[PDB]
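In what follows, a structure is listed as structure tokens, so that the remarks can point back to it.
With one protein chain held back, the other chains of the complex are shown just where they sit.
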Amino acid sequence: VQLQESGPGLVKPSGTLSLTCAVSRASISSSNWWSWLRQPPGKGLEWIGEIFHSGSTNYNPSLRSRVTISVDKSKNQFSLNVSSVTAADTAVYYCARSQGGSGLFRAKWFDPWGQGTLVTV
Amino acid sequence: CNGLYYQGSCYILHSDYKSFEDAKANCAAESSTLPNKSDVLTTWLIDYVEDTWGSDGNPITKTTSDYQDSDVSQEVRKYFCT
Amino acid sequence: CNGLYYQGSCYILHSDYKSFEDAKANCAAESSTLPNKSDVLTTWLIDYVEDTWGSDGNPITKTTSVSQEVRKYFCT
Partner (left out) sequence: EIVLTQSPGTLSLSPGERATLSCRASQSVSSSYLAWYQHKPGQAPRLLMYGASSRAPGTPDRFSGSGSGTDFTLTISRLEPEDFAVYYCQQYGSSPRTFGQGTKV
């Protein structure tokens, strides 16, 4: 399951930053919860939400208002739009996969990561 | 019955992902309530019931106390209905 | 029994995450085996057994028209 991130590097403050990731070697419709994560430069990582093939989205309470994660099955791309940026969101956003989602046995740990694109506000 | 059973109480899973209020509404409409963390903590059921909804309004975990202070109301999670 | 029930078959959950071969060994120790895909596809059991190992060697799923993975395994 090769995940590759692609999006606009520069997003001015208060704008919407849209990062789209491509699922390869597997199906987005498969039983996997696709999550997006953040790595602020020099600080600890965070978890800015997750999505499924049915559109169900579970966010971090801190970032729930700003973020919106969507899925497009036709192009097998799960994307994330972060609105109302406050210039503190600069980070290397990562795609992620969490086994499970169709059943009751979701494995939270994000085994296959993906090279993250660095966005500078 | 069509699910787990413990001490005469039978819990049916619901694969659909829904918030706490909707889960409680569905359980009540189906003549049932959300599982109680008290009866599910020590028993084996927890292995199946982890990360599902409970009466108190928080996902069920093996921790004894110190429930998640951070709000979990606006979240989606599978639920069991007795 | 302690686990799920169908057609007189008891399914026990081993929450520990393990590969297919360790799952087979653990089930053999229990004198049981991994679930078969045929018996679970047409049942509510599927909702519980999805993304859990099966005897075929691939994860049990309703889709489709690896030894490098570890997933929660049932035992019957």
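The first chain written gets the first letter, and so on, giving A, B and C; residue counts start at 1 in each chain.
The criterion applied here is as follows: a contact is a pair of C-beta atoms (placed from the backbone, for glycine too) under 8 Å apart; a residue touches a chain by one contact, two chains touch by 3 or more.
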{"item": "Residue, one of A:45, A:87 or A:88, that touches the chain absent here", "value": "A:45"}
{"item": "Residue in contact with the excluded chain [from B:38, B:43 or B:63]", "value": "B:63"}
{"item": "Where the unshown chain meets chain A, residue by residue", "value": "43-47, 60-62, 94, 107-115"}
{"item": "Touching residues on chain C - with respect to the absent chain", "value": "16-17, 19, 67-70"}
{"item": "Chain B residues touching the omitted chain (full complex)", "value": "50, 58-59, 61-64, 66, 68-70, 72, 75"}
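Following the convention adopted for this analysis, only the chains that are shown with their structure count from here on.
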{"item": "Distance between the centres, which are taken as Cα means, of chain C and chain B, whole angstrom", "value": "23"}
{"item": "Rounded Å distance between chain A and chain C, as computed from the means of their C-alpha atoms", "value": "30"}
{"item": "Geometric centre distance via CA averages, chain B-chain A, whole Å", "value": "27"}
{"item": "For chain A, residues that touch 2 or more chains besides their own", "value": "102-104"}
{"item": "Residues of chain C whose C-beta touches two or more other chains", "value": "47-48"}
{"item": "Residues of chain C that touch chain A when the two form their complex", "value": "17, 47-52, 59, 61-63, 69, 71-72"}
{"item": "Residues of chain B touching chain A in the complex", "value": "13, 15, 17, 48, 51-52, 70-72, 74-78"}
{"item": "Contacting residues of chain B [partner chain C, same complex]", "value": "2-4, 13, 15, 44, 47-48"}
